[PDB]
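Asks: Each chain, letter by letter, is given below.
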Amino acid sequence: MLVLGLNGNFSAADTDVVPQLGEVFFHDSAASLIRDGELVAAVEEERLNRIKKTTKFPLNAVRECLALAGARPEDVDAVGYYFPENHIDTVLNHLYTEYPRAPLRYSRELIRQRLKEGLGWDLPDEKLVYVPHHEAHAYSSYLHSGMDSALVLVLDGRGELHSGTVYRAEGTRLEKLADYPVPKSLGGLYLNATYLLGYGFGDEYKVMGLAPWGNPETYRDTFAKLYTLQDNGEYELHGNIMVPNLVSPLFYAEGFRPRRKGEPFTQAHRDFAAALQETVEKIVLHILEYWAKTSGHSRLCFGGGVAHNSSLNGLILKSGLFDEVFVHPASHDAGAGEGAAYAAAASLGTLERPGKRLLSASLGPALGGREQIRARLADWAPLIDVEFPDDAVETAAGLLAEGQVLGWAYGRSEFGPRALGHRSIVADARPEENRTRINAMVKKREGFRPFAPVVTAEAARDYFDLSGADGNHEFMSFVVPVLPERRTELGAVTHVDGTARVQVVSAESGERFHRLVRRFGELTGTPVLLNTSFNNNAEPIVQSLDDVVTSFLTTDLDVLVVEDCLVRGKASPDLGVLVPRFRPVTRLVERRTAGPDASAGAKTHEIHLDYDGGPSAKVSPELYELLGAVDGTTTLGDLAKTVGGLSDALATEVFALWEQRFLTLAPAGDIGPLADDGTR
Amino acid sequence: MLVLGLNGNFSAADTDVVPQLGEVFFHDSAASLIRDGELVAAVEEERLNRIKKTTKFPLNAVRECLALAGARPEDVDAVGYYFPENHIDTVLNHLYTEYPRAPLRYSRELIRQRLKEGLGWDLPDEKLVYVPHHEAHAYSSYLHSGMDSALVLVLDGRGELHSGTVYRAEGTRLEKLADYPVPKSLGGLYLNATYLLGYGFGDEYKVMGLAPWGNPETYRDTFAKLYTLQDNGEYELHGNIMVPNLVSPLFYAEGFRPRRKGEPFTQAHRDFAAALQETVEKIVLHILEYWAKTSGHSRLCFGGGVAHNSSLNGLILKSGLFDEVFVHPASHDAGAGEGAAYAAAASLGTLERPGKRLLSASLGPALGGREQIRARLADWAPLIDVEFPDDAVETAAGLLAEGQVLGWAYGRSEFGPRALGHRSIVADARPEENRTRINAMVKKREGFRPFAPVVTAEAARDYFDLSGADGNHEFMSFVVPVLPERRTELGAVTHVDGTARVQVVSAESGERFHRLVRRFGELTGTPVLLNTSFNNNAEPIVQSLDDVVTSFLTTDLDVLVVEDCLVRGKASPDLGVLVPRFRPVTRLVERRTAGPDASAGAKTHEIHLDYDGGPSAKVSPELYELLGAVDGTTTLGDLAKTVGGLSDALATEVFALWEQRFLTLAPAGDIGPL
Ligand SMILES: Nc1ncnc2c1ncn2[C@@H]1O[C@H](COP(=O)(O)OP(=O)(O)OP(=O)(O)O)[C@@H](O)[C@H]1O
Ligand SMILES: Nc1ncnc2c1ncn2[C@@H]1O[C@H](COP(=O)(O)OP(=O)(O)OP(=O)(O)O)[C@@H](O)[C@H]1O
Ligand SMILES: [Fe+3]
Ligand SMILES: [Fe+3]
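If you read the protein sequences in the order shown, they are chains B and A.
Heads up: the first sequence is residues 1 to 680, going by the deposited numbering.
Heads up: the second sequence is residues 1 to 674, going by the deposited numbering.
In isolation and in its complexed conformation, chain B is listed as follows:
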C-alpha cells in the first residue's frame, strides 16, 4: 500500500484559482507518502515554491515524494485529500460566485488536471478519497505517537464542521467522543487577536513569544467577557454582529490601540498578548480536565494548528492530567494531509500503521550526493571559499566553541515548522548577547523572543525541568522551565519567565546533530546549543543547496557547514556571474498614477510577488530596464552591459532585491537530479 496524502488549494505556480486568492484558503499545501504504514516522504510546498504557508497546489511536493520513494505516479495505490469533497467544492463554488470569470472546476477535476499535466499521471476516480478534516489530523497525531491507545484532541481554526474534536484512539481505530462548533474556534480566536498586534496569519508564534513580557492581569477581565467556561468541558465564545472578528469590537470600545506597522510593542500590546495566551490556556485546560476524567485515559495526543502553541503544550505537560503527551512535528494542515493518506488507506481496505514513535522530522528531499554537491559549490566559486575538513562535525563544534554562528545543512529537510538539525542555524547557547546578535544576522526583528535550545538526551535533565508527564521533545513541541540554577548559564535560550522551547536530540533522533551538540559540550562543559531555522525574514526554511548558499550569502552568518563542506563568503563576491530568473509569481511593473490638474502622474517602477500578501519594492529605472531583459540564461553581469555595466550601485540594488527573494539569483545551470544515495 503506497498512498499519497494531499492538502492545500489547487492553484498553478504562476496564477491562483481566483485572482489574489486569500492566504487562508487552504494553506500550508504539502504532499506526504506512506508505504506499508510508514511515512516515507513528506515536504511542504512552501519549501519548493518559496512562498511561506503557500496555498498553491503541492505539485512539486508530490514529485519530490515520488522520487524519494522510487515510485512512478502510477505506483500510487490511493490518494487522500484532507477535507470532504462537498466541503472544499462548496468553498470553491463560493469563490466562483465571487469571480464569475473563473471556470467551474471543482476539486476532483482540479486534482486530476494538476497530476495529469504536471506528472503525466492519469488518476483513476476510484483512487481519490476525501477525508473528514479532524479525522486526518487525528490519524497523523496518534499513529506516530507509539501509543497503543490514547485520548486524541484536535484543535484548529476549523474543519468542515468543527473547530475542535475529541477522539478515543485504540489500535488503528478512532472513536469520536465530542466536538466543538466552528464559531467556538480557538484558532480563530487567536488569529483574530493576532491582528490587533499588527500581525497576521502565520504570526501566531510571534504573539506567543511576546506573551511572557506581558502582565495577563491587565486585560483578564476584558477577555473574560469574550468566553464562558461551562459544565461537562463545554465553553462558549461570545460573538458580535459588528465585524468578522471576535476580539476587536470590545477592545476598541475600551480604548485599545491596535499596533501600526513599524510601531514598537507598547506595554498594552505585551499585556494583550499575555492575556490572550492565558485565555486560550484556560479554555484548553478546561476541555482536557473534563475529557481526561471522563475518558479515564492517561495518554494524550494533541494535534491541529493550535498544537503548535508550545507554551500551551508545556502547561498541558505540567498539569499532571496525563502520564504521556505526544505532539507531531507538523500538527498544522500539512500533517492533516499526511493523516488523509492513512484515512484513505483505511477506507480503501486495511490500514497499516507505523511500527514506532516518530523521532525524526527529516523527511523532505535531501541536498544531493557528495559529487553533485561539490560540483555545484564549484559553480558558486566566484562568491564563496570552500574547505573540506576531514571531520566537519569536529571542526564545526570548535568553530561554535570560538563563538561563531553557523549555518548547518545536512540530509533531508524537516517536515513541519521547526528546524531540528537539517536546515538549522546554530550557535553557542550561553551568551545573552547572541539574541540581538543573531536577529541582526538574519535580519529578523524578534529580539523580544528567545531562541530555542537543543540539548543531548544524556544532559537534558541537567538543564531542563521535564517533570510532569513524559512528553516527546524531539520536535520542540513543549516549552519547559529551565532549572533555576542553570538560567544564567543559558543566557541566549532562556525566556524572561525562565522557560525554553527545548529540542532533546538523541543518537536515535539525529545522529550527526547529537554528535555535534555532545562534542560542543565536551569542548565547553555545556552540551546545549541554540537552534533556529535556516531562513532569513523573506523565505521559508531553505530546501536545496542553492537555497542554502543563497541564504548564507544574504545573511550575516559566519560560516556554513553543508554536507561536510565549510563555506565562507569571499571578501568581494562577484554578483555578476549569477543568472537572474523570474519566479512564477514575479511581476515587474512601470506605473503612472493620476497627477495634479488631471495629468498623468508620477512614473514609478516596482517589482512585486503576485500572491495575497506578497511583498513589493521600488526599483530604479536602470534596474527596471535591466530586469526587463532577464531571459533565464544570461548572467547578471552580461545583462547589466545593456545599461552601462554592473556598477556598485546596481549590484547593491540587485543584492537588496535578492535578500527579499523577488527573483532567483544563482549560477548558470543547476545541481541536477538528486542522486540515489542508496539510503532508501
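Each hint should be verified, as a subset may be incorrect.
As the list claims (entries may be wrong) - In silico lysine to any residue, SDA-like type, Cα no more than 20 Å apart, as pairs:
1) B:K206 - A:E98
2) A:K293 - A:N232
3) A:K261 - A:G614
4) A:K603 - B:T633
5) A:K618 - B:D610
For the record, the hints were derived by calculation from the structure and aren't laboratory data.
Based on the hints, put chain A with the ligands in the right spot on chain B.
Replies: Below, chain A with the ligands without anything else, positioned relative to chain B:
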C-alpha cells in the same frame, strides 16, 4: 434652519481609506440639504466622481448642494450621518487591524478633516449628529409621503443592529414597533442569490428584471429550505457554516451551476431568479399582512434598499393590505443620508417637515444657464452640429414619432436611480423592435432586460391597471399590469409577464416632460414613451453638460435634446481637439510576468480604474506612450505628435477607452460655475 445629511465612507478622490476598500463598505455616498423642513438639494457622489454606487466621501456632493441652496458652509446648523458613531468606528477599527499601515483615524476626525480640507469648513463637534440607520431611512420615506400617520417598513441589507425595522409614524414622531436581526436580512438574501447569476452588488434590479422570464415552480422547494414563515409576522432564514452566502451551498448540492461572465442566461438561471423573487415577495407580504392588521394603519411607507424592488412594490400595491403606499425615489442609503438630516434637526431643536408629498426627484445640479450652455456647445463644435428650434419640445415629439431615439437632458438631475425626464433616453414605446435594439445597440445590455414607460397622468388609466391601493408613480416605484387590450400597442414597454414599471408624469411632477409625452400622444394616438436612464454601461446617470455630450457621442443615440438645443454628431468628428485628462482613479501600467524558462515575460500595457471592482483594458505600446504625456491641457492631436500623429488606429483606440470612461476627453476648458 439648514441641515446637511451625509452617508458613505471617508475616502479621498484618488485613494481609499484602506487599499482596495470593498465596494460594499458604506456605498452610494450622497449629500442632502434640508432648509426649513424642505429638501432643497440632493445628489449622489457617483454622479460627480462617475463611479457607480461609490463609497468615497461625498465632498463634491456637499459643495454642489451648498451652491444650489445659495449657502456657505458656515450657514449649516447641523450635519447628520446615517449610522451611529460606535458602529462605523468599529468597522473602521476592524479595517485598521487588517491594514496596519493605516493611521487610526475614526469617523468624527475623518468627516471633519474632509470638510476642513475640501470646503474650508471647520465643523464643531456639537453640530455633528450620528443617527440610527433605520431611523434615517424611515424619516426620509415617511416625511416625504404627505401622510400624517402611517406604518413605515424599512428593509435593507443591514443597519447597525437590524436588517429590518417597523415603525409607527404620527405627525413627526416615529415609534418602533418591531425589528429583525441581521442574519434575517432580505437584502443580504437577494444579494447572496444575485452572485449565483454572475452578477454583483448593484445588479439586483437586473435579477428582478430577469425573474418574469422564469418559472418560479422549478426551485420553489429548494428556496423553501432556506426560510420558514412563523406565526405573528415572524420568519427565519436558515443559515449555514460552510461559506458567507446563504444560498450557494444548497444550490450547489442540488447541481446548480453559477452563471459565468459573458455566458447566456439559461432557463435554469431564469427559473432561479423567478424563485428568488417569489421568495422575497412571500416573506415581505407575510411581514406586512401581520403588521397592517396589528398596527391598524391603512397607509404604508416603504424604504430601505429593498424598496427599490419595483416588482415587490407592485405586489404590495395589489395585495389590498393598505389603501395607500408611498416609496421615496432614493430608498437606498442615499435616502438614509437625507433622513439623517431630519434626525439631526430633530435632536437639536424641534423638527420641520415637508409641507407636501414629494413629486419631483429633480434635485441635483442643473446643466447651466442658456449662455454658458451655448458657449460650451460651441467648444464641442468639431464633433457636433447644433440646431436651436423655436419649440424644442414640439420638435422632439416629432422626431420621436419619426422613429428616432433621443437623449433628453434638462434642468436638475434625478436623485435616486431612476431617470424621470431630466437625464433620460426616450423612444417610441410601441414597436417591440425598439426594446430589442435599444437593449442591443444603444444601452448595450442583455436581451432579457425590460424597458419602463412614462405616461401622462391623464392617460395612465387608459393603459395601466393602477387599481388596488393608491401608490405614487412619479418615481417608477411600482410595477403594474399593462391593460391586456394595450399590450400589443405598447410593444417595447410591456414585459414578458404583461407588466411595466410605470412613470406617471403630470404637469406638477415634471411640466416639460409631461408636455413632451402629451404632444407625442397627440401626434401618434399613444401618450406613452420608453424612458431609460441616460448613461452607457460604463457610467452612472450623466450629470453635467460635458457628461451629456460625451455620453451622446459614445452611445448610438440619434439626436440629443439638451436645454432646447438639438445636438447631432458630425459626419466626421475631430477627436484631436479633445483634451485628455486622467480621472483621479486612472492608472497606466506596463507589466511583465514570468515567461518560459523563468525569463521575464513579454511586456503588456493596460489602463485601469483603481477602485474595488474597477475595470481594466489593454492598450497598445503607442497609446501607452501617448497617454504617459497627458498633462490635462494639451489636446489629443498635439499629444499624438510624439508618436507620429493621431492616426486612425490611435483615434479609434482612444474612442474605445473614452466609451469605457477610463479617462476624461472633452474640449479645452469647461462650462464654468453654474
Ligand atoms: N501558536 C498558536 N497558538 C494558537 N493558535 C495557533 C497557533 N498557531 C497556529 N494557530 C492557529 O491554527 C489554526 C490553523 O491550524 P491548521 O493548520 O490546522 O489549519 P485550519 O484552521 O484547519 O485552516 P483551513 O480551514 O484552511 O483548513 C489558525 O487559526 C491558527 O491561528
Ligand atoms: N431590487 C432589489 N431587491 C431586493 N433587494 C435589493 C434590491 N436592490 C437592492 N437591494 C438590497 O438592499 C440592500 C442595500 O440597501 P441599502 O442601500 O439601504 O444599504 P445597506 O444594506 O444599509 O448597506 P451597508 O452594507 O453599508 O450596511 C442590499 O442588500 C441590496 O441587495
Ligand atoms: Fe486543520
Ligand atoms: Fe440602508
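Asks: State the violated hints by number, sorted upward, taking the hints as numbered earlier in the document.
Replies: none
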